[PDB]
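In case you want the letters, here they are:
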Amino acid sequence: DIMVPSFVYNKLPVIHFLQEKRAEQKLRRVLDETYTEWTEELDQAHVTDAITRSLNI
Amino acid sequence: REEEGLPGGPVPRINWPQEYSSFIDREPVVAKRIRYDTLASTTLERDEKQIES
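Quick note, the sequences are listed as chains c and d, same order.
The first sequence begins at 58 in the entry's author numbering and counts up one residue at a time.
The second sequence begins at 160 in the entry's author numbering and counts up one residue at a time.
Any given hint could be a false lead.
One-sided excerpt, in silico: chain d residues whose CB lies under 10 Å from chain c [to be verified]:
1. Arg194
2. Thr197
3. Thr201
4. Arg205
I should point out that these hints are in silico values taken from the structure, not numbers from a laboratory.
Even for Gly, the Cβ is constructed at its ideal location relative to N, Cα and C.
Next up, chain c with everything else stripped away, as it sits in the complex:
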């Protein structure tokens, strides 16, 4: 009725702070893993060159 309640009440602030920091860390890790992937596609000049060769030019 007296002791354990008081010590729990004393614990609350530090635990709240640490859990907030942990959530911020999770969000930071989520953001840090985001990279924009620039894809590379076959240049159409080679396609045009192959078209010309097929014409026997």
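Go by the hints and put chain d onto chain c.
Chain d in isolation, oriented as in the chain c frame:
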């Protein structure tokens, strides 16, 4: 360009009368004319619907 009626393919900026005078033998000159004339008579276009698909 298609609406106007000009050739679809690119056409180089050349003056073949000068080229004939420059070169000694007609064979390379005639070959060049054959290639460009063939190129200007072809449409270097693809169907971009299938390509995108």
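Please list, smallest to largest, the hint numbers that this structure does not respect.
Of the numbered hints given earlier, the structure breaks none, since each of them holds.
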